[PDB]
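K.L.:
If you want the building blocks of each chain, they are given just below.
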Amino acid sequence: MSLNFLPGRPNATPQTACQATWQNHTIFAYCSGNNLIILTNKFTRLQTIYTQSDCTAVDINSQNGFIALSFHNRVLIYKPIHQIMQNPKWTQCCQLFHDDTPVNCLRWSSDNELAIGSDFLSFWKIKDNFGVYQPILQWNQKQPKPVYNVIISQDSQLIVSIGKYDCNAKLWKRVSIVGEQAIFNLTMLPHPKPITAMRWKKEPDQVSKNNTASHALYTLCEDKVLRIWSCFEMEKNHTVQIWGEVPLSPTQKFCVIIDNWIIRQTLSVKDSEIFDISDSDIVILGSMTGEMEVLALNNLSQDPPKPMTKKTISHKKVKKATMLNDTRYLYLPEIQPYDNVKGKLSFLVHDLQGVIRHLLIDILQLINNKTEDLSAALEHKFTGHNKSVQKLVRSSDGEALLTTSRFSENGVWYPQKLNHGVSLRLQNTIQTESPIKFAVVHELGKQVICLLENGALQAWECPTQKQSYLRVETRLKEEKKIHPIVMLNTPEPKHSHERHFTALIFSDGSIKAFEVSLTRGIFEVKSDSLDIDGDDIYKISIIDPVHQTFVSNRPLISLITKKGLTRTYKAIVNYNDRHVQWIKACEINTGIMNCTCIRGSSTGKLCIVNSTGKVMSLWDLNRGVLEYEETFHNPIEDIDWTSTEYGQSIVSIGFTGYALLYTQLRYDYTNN
Amino acid sequence: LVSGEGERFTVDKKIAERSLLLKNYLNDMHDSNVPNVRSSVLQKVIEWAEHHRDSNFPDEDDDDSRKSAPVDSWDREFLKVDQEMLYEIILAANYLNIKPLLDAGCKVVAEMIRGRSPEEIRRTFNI
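Line by line, the protein sequences are chains A and B.
Residue numbers for the first sequence follow my numbering, beginning at 1 and rising by one.
Residue numbers for the second sequence follow my numbering, beginning at 1 and rising by one.
There may be inaccurate statements among the hints.
Unchecked claim - With a Cα cut of at most 25 angstroms, we get these calculated DSS-like pairs of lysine-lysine: (1) A/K570 - A/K539; (2) B/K80 - A/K494; (3) A/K317 - A/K344; (4) A/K570 - B/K80; (5) A/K494 - A/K570; (6) A/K466 - A/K417; (7) A/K584 - B/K80; (8) A/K437 - A/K387; (9) A/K570 - A/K512.
Stated by the list, open to error - Across the chosen pairs, the derived CB separations fall in these ranges: (10) B/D59 - A/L660: 52 to 58 angstroms; (11) B/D61 - A/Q648: 40 to 46 angstroms; (12) A/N672 - B/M112: 27 to 33 angstroms.
As the list claims (entries may be wrong) - The following residues of chain A were derived to be distant from chain B, with all beta-carbon distances above 10 angstroms: (13) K142; (14) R199; (15) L618.
These are calculated hints, taken from the structure and not from any lab test.
All C-beta atoms, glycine included, are put in the ideal place defined by N, C-alpha and C.
Only chain A is shown next, with the shape it has when bound in the complex:
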């Protein structure tokens, strides 16, 4: 199914997210507060790992699929519970603790090697016993300041670090030829400005020996200059020299690299002939305006020294969502192929505003010289709610959602149509003085009305920043005898958007019909109290369409009493009279006395779960006849009804962990 996740808002750490090609499963992982999020199979499955601490950095082992996760003064190592399977799963396997310094940045390398730099650039290995994976602090050293970003290559090239705002990158090569306690040889690698980013070139084919040259280092200086530094074994004689320079134009603000690895795995030999750039890697320089230029290096990886230079390939330009959403910084994990989908590169973007974007650029189109605008299309987006969701409130037009918590972190979201299904999109935050007990959304989400457990009725306007401007407020008397149980937006006899007469159902009757509006303050309406059906409303449930229908003639509340006397009540109100009237539209007497859940649709259907909760009964409100009765081995946790202007009613019966969808089936004349 086209199931889209929102696992959790990502952190702002540079290494907060890393894509990795373990066995071509194209794992992706990222840190969100107290959680780690691992998306395994084409991002169609999710695994979340809970840890009682903010996760600083995460990195993935390409060789063996091990995850290294930094937090506080320690690191955790997780391994695929089974080293190979169609549906991988990660479980805790090891712990790393060296000193009392939070592990600011962390990475992974060949054969279980890690460069866990906190302030000292600890280097380790973990893979021993019959599967203890007991780590060995093979090296340790201090730094001028905490490491903001680190990088580790395979084999002799060893490690590089920078530190925040650092202008010289401490290269530590694997100086000692042998011995577990290897000492690392230093180099400064001066730059004219603080490093913005950096990364090693890729060459996995050299394994298992790993003794190879041309470990070129990519480094972007703060002076709009990308730099490629040559490297070679040469008995450790290479190298701290800049091999190639690329000054970005003032329009350019971001840069990314696609290694020869990806091109070789994607383009075929016949296709590789044009533009015939397979001799080196590719570099894409983009600007916030969208426009971007892609170029190819000349002999950027040739073992003998070569005159490296930037040779342009194409001048592309994609939409706003394809490059950046006006973010301050973007962290771009390594671009890797989307598993066996030839010709597609899983470009990722970290927007540092709570959203990660997955684009799936088509490489053959990217390098197309005689080509038009970029074809990148938003494939997935990852974000999440701040703390937790206590309840979800739906706008009856279905185009806005209000997430409410036990705290004041309420959010107004809108569904967003991606290239792969649909996903929510936070648009505003409704800050509240106390938890919202009930609420109702209007104006396609731009206006919100809520009632707090404190009793305050508050009305916000949300026209845009994410700020929600509280425009009106009022308070109730909170008699502590009767209490509200639902809020029904009683439609006006005519389509009216100026005011929204909201009815608070104070248990048995006592409909507080406030004429809430924004341009003018909230009011109060006397009429009227409905039949409480025994002086105690038993499990009232609202009726709402989920489509933009302006009809005022509609039943609003499907009340029920412990005797099963369900009653759907219409709503009629006069703005001039400042009074509202409750009319019993239907009174089907149900055969069930105690019901776990109740709901009804716009199309006159109704659903009730028995007292036991394991039997669902579907009833017709226009006939009073039980249309369906099913018995489930598990309790029915919730029910919810959709609809459309074409009567396409669907009922979702939400069980413990999965939700069934049921739909009406035509009565067959010649069958059962």
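Given the coordinates of chain A, work out where chain B should sit on it, guided by the hints.
P.N.:
What follows is chain B alone, placed relative to chain A:
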């Protein structure tokens, strides 16, 4: 003259003469001399009759007319208020032998059903 289930209305008027049934059953020709209709739909029918009190129709003498023509827009919106009640409104207009409301209801419901086919759903709902 009014449904027994709590249904009442103007006993007679120029509107009530709109119903060709009441043209004879409404004490017409009193010098020489409703039960079935549901209450709500009776109210709806009298609303329509009051609205068109200032209009004229060719009745059964329309020949090529009385069909194959677009329906009045206000009638379209007035009747398009309930799918399940439209059939019984058509039946009421049938029992009262009121041709114009019958024609309007049939046009409206025919267009509803035509527009509920999957092709029309996809062509007008999402596309």
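K.L.:
Now look at each hint and say whether the structure bears it out.
P.N.:
Hint check:
1. Among the hinted pairs, A/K570 with A/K539 is consistent with the structure: their alpha-carbon atoms are about 17 angstroms apart, no more than 25 angstroms.
2. A distance of roughly 15 angstroms separates the Cα atoms of B/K80 and A/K494; the hinted pair therefore holds under the 25 angstroms criterion.
3. Taking the CA atoms of A/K317 and A/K344, the gap is near 18 angstroms; set against the 25 angstroms cutoff, the hint holds.
4. Taking the CA atoms of A/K570 and B/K80, the gap is near 18 angstroms; set against the 25 angstroms cutoff, the hint holds.
5. Distance hint between A/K494 and A/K570 is fulfilled; the C-alpha atoms sit about 15 angstroms from each other, no more than 25 angstroms.
6. Distance hint between A/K466 and A/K417 is fulfilled; the C-alpha atoms sit about 20 angstroms from each other, no more than 25 angstroms.
7. Between A/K584 and B/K80 the CA atoms are separated by roughly 22 angstroms; this keeps the pair inside 25 angstroms, and the hint holds.
8. Under the criterion of a C-alpha separation no larger than 25 angstroms, the hint pairing A/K437 with A/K387 is consistent with the structure, at around 17 angstroms.
9. For the suggested pair A/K570 and A/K512, the alpha carbons sit about 16 angstroms apart, so the restraint of at most 25 angstroms is met.
10. For the pair B/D59 and A/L660, the supplied restraint of 52 to 58 angstroms holds, since their beta-carbon distance comes to about 54 angstroms.
11. Distance hint check: the CB atoms of B/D61 and A/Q648 are about 42 angstroms apart, consistent with the given range 40 to 46 angstroms.
12. As the Cβ distance of A/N672 to B/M112 is approximately 29 angstroms, the hint placing it in 27 to 33 angstroms holds.
13. No Cβ of chain B comes within 10 angstroms of the Cβ of A/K142; the nearest lies about 63 angstroms off, and the non-interface call holds.
14. Non-interface status of A/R199 relative to chain B is upheld: no Cβ of that chain comes within 10 angstroms, the nearest being about 44 angstroms off.
15. Listed as a non-interface residue, A/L618 keeps its Cβ farther than 10 angstroms from every Cβ of chain B; the least gap is roughly 17 angstroms.
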